[PDB]
Amino acid sequence: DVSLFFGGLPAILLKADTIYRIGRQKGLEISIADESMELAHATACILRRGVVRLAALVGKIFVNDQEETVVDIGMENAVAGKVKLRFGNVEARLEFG
Amino acid sequence: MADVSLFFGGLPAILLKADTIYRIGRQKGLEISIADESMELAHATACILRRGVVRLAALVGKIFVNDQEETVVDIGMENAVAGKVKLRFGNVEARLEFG
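Protein chains in written order, with the UniProt record's numbering: chain A, 3 to 99; chain B, 1 to 99.
Hints are computed from structural coordinates only; laboratory data are not their basis. Mixed in with the good hints, there may be bad ones.
[Unchecked claim] With a straight-line cut-off of 35 Å between C-alpha atoms, the simulated DSBU-like cross-links for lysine-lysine are:
#: 1; chain 1: A; residue 1: 84; chain 2: B; residue 2: 28
#: 2; chain 1: A; residue 1: 86; chain 2: B; residue 2: 84
#: 3; chain 1: A; residue 1: 62; chain 2: B; residue 2: 28
#: 4; chain 1: A; residue 1: 28; chain 2: B; residue 2: 62
#: 5; chain 1: A; residue 1: 28; chain 2: B; residue 2: 86
#: 6; chain 1: A; residue 1: 84; chain 2: B; residue 2: 86
#: 7; chain 1: B; residue 1: 62; chain 2: B; residue 2: 28
#: 8; chain 1: B; residue 1: 62; chain 2: A; residue 2: 84
#: 9; chain 1: A; residue 1: 84; chain 2: A; residue 2: 62
#: 10; chain 1: A; residue 1: 28; chain 2: B; residue 2: 84
#: 11; chain 1: A; residue 1: 28; chain 2: A; residue 2: 62
#: 12; chain 1: B; residue 1: 84; chain 2: A; residue 2: 62
#: 13; chain 1: B; residue 1: 28; chain 2: A; residue 2: 28
#: 14; chain 1: B; residue 1: 62; chain 2: A; residue 2: 62
#: 15; chain 1: B; residue 1: 28; chain 2: A; residue 2: 17
#: 16; chain 1: B; residue 1: 17; chain 2: A; residue 2: 17
#: 17; chain 1: A; residue 1: 28; chain 2: A; residue 2: 17
#: 18; chain 1: B; residue 1: 62; chain 2: A; residue 2: 86
#: 19; chain 1: B; residue 1: 84; chain 2: B; residue 2: 28
#: 20; chain 1: B; residue 1: 86; chain 2: A; residue 2: 62
#: 21; chain 1: B; residue 1: 84; chain 2: A; residue 2: 84
#: 22; chain 1: A; residue 1: 86; chain 2: B; residue 2: 28
#: 23; chain 1: A; residue 1: 28; chain 2: B; residue 2: 17
#: 24; chain 1: B; residue 1: 17; chain 2: B; residue 2: 62
#: 25; chain 1: A; residue 1: 17; chain 2: B; residue 2: 62
[What the hints assert, rightly or not] Okay, the calculated bits of chain A under chain B, using three or more residues with CB under 8 Å as the criterion:
#: 26; region: 21 to 29
#: 27; region: 51 to 59
#: 28; region: 75 to 89
[Stated by the list, open to error] Pairwise CB distance ranges, derived in the manner of DEER restraints:
#: 29; chain 1: A; residue 1: 79; chain 2: B; residue 2: 99; range: 25 to 31 Å
#: 30; chain 1: A; residue 1: 38; chain 2: B; residue 2: 82; range: 21 to 27 Å
#: 31; chain 1: B; residue 1: 5; chain 2: A; residue 2: 52; range: 25 to 31 Å
#: 32; chain 1: A; residue 1: 72; chain 2: B; residue 2: 1; range: 43 to 49 Å
#: 33; chain 1: A; residue 1: 53; chain 2: B; residue 2: 82; range: 24 to 30 Å
#: 34; chain 1: A; residue 1: 66; chain 2: B; residue 2: 5; range: 28 to 34 Å
#: 35; chain 1: B; residue 1: 86; chain 2: A; residue 2: 72; range: 40 to 46 Å
#: 36; chain 1: B; residue 1: 5; chain 2: A; residue 2: 71; range: 23 to 29 Å
#: 37; chain 1: A; residue 1: 71; chain 2: B; residue 2: 86; range: 21 to 27 Å
#: 38; chain 1: B; residue 1: 79; chain 2: A; residue 2: 13; range: 38 to 44 Å
#: 39; chain 1: B; residue 1: 67; chain 2: A; residue 2: 72; range: 19 to 25 Å
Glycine included, every Cβ here is placed at the ideal spot set by N, Cα and C.
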């Protein structure tokens, strides 16, 4: 249903009822080694069926180049089923199935 | 001082460490796992945003700060009375205490 793609990783198949921790800290669901990412950068969740919530913690988040603090994203917000994300200076892509 | 602790009734205080994402929910194995029906499995997160300031973000569940609903909120000593800030996660009462 909702997949998250960072360069160099397998697609992350986002599951319900799970808090995804995103940062440069090791041992997180999404640990990215890039120096532009904060140790505790952000968190993602499935808010309800087909809808992902992203929340910025210590790091900044951009959705299609617009800064957001907290944002809910579903297929209706996508272009050709995709959304560009950026965490610090690290780009990623969400895809809705 | 820059000590910030989270209290859920009759649980030991959780002292919040910098650069750490605290998962808050009913799911077992989280930093803050609370067995209450009104807590969602993936309810919220807390993290030290900067010295003496905690950011809380509501995920699946709702958060209330001194009874006012918030989605993302930053809380430091300026929001405390006698060192305390009242929080609610769903129907679960909690408080932040600032050193």
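Against the structure, the hints:
Annotation: proposed proximity of residue 84 of chain A to residue 28 of chain B holds, straight-line Cα distance about 33 Å (limit 35 Å). Only pairs whose Cα atoms come within 35 Å are accepted, and residue 86 of chain A paired with residue 84 of chain B is rejected, the gap being roughly 40 Å. With a CA separation close to 29 Å, the supplied pair residue 62 of chain A and residue 28 of chain B stays within the 35 Å bound. Straight-line distance between C-alpha atoms of residue 28 of chain A and residue 62 of chain B comes to about 28 Å, which keeps the hinted pair within the 35 Å bound.
Only pairs whose Cα atoms come within 35 Å are accepted, and residue 28 of chain A paired with residue 86 of chain B is accepted, the gap being roughly 32 Å. Distance hint between residue 84 of chain A and residue 86 of chain B is unfulfilled; the C-alpha atoms sit about 40 Å from each other, more than 35 Å. Annotation: proposed proximity of residue 62 of chain B to residue 28 of chain B holds, straight-line Cα distance about 19 Å (limit 35 Å). With a C-alpha separation of about 28 Å, the suggested pairing of residue 62 of chain B with residue 84 of chain A holds against the 35 Å cut-off.
For the suggested pair residue 84 of chain A and residue 62 of chain A, the alpha carbons sit about 20 Å apart, so the restraint of at most 35 Å is met. A hinted pair counts as satisfied when its Cα atoms are at most 35 Å apart, and residue 28 of chain A with residue 84 of chain B qualifies at roughly 32 Å. At roughly 19 Å between alpha-carbon atoms, residue 28 of chain A and residue 62 of chain A fall within 35 Å of each other, so this suggested pair holds. For the suggested pair residue 84 of chain B and residue 62 of chain A, the alpha carbons sit about 28 Å apart, so the restraint of at most 35 Å is met.
Restraint check: the Cα-Cα separation between residue 28 of chain B and residue 28 of chain A comes to about 21 Å, which is no more than 35 Å; the hinted pair holds. At most 35 Å may separate the alpha-carbon atoms for a hinted pair to count; residue 62 of chain B and residue 62 of chain A meet this at roughly 22 Å. For the given pair, residue 28 of chain B sits about 16 Å from residue 17 of chain A by alpha-carbon distance, which is consistent with the 35 Å threshold. A distance of roughly 27 Å separates the Cα atoms of residue 17 of chain B and residue 17 of chain A; the hinted pair therefore holds under the 35 Å criterion.
With a C-alpha separation of about 21 Å, the suggested pair residue 28 of chain A and residue 17 of chain A falls inside the 35 Å cut-off, and the hint holds. Taking the CA atoms of residue 62 of chain B and residue 86 of chain A, the gap is near 27 Å; set against the 35 Å cutoff, the hint holds. Between residue 84 of chain B and residue 28 of chain B the CA atoms are separated by roughly 27 Å; this keeps the pair inside 35 Å, and the hint holds. Between residue 86 of chain B and residue 62 of chain A the alpha-carbon distance is near 27 Å, which keeps this suggested pair within the 35 Å criterion.
Taken as a hint, the residue 84 of chain B and residue 84 of chain A pair is broken in the structure, with Cα atoms around 43 Å apart against an allowance of 35 Å. A threshold of 35 Å between alpha carbons decides the hint, and for residue 86 of chain A with residue 28 of chain B the separation of about 32 Å falls inside it, so the pair holds. A threshold of 35 Å between alpha carbons decides the hint, and for residue 28 of chain A with residue 17 of chain B the separation of about 15 Å falls inside it, so the pair holds. Restraint check: the Cα-Cα separation between residue 17 of chain B and residue 62 of chain B comes to about 23 Å, which is no more than 35 Å; the hinted pair holds.
With a CA separation close to 20 Å, the supplied pair residue 17 of chain A and residue 62 of chain B stays within the 35 Å bound. Coverage of the region 21 to 29 of chain A by chain B holds [criterion: at least 3 residues with CB-CB distance below 8 Å; count 4]. With 4 residues having a Cβ less than 8 Å from any Cβ of chain B, the region 51 to 59 of chain A passes the three-residue criterion, so the hint holds. Proximity of the region 75 to 89 of chain A to chain B, defined as three or more residues with a beta carbon under 8 Å from a beta carbon of that chain, is not established by the 0 residues found.
Evaluation of the 25 to 31 Å hint for residue 79 of chain A and residue 99 of chain B yields a failure: the beta carbon distance comes to about 41 Å. Checked against the hint of 21 to 27 Å, the C-beta distance between residue 38 of chain A and residue 82 of chain B comes to roughly 40 Å, which is inconsistent with it. About 37 Å separates the C-beta atoms of residue 5 of chain B and residue 52 of chain A, a value inconsistent with the hinted range of 25 to 31 Å. Under the hint 43 to 49 Å, the C-beta atoms of residue 72 of chain A and residue 1 of chain B, about 29 Å apart, miss the expected range.
The beta-carbon spacing between residue 53 of chain A and residue 82 of chain B, approximately 40 Å, falls outside the hinted interval of 24 to 30 Å. For the pair residue 66 of chain A and residue 5 of chain B, the supplied restraint of 28 to 34 Å is violated, since their beta-carbon distance comes to about 39 Å. Checked against the hint of 40 to 46 Å, the pair residue 86 of chain B and residue 72 of chain A fails, with Cβ atoms roughly 22 Å apart. Checked against the given bound of 23 to 29 Å, the beta carbons of residue 5 of chain B and residue 71 of chain A, roughly 25 Å apart, stay inside it.
In this structure, residue 71 of chain A and residue 86 of chain B meet the distance hint of 21 to 27 Å, their C-beta atoms being roughly 23 Å apart. Between residue 79 of chain B and residue 13 of chain A the beta carbon distance is about 40 Å. The supplied range of 38 to 44 Å therefore holds. Take residue 67 of chain B and residue 72 of chain A: their Cβ atoms lie about 20 Å apart, and the range 19 to 25 Å holds.
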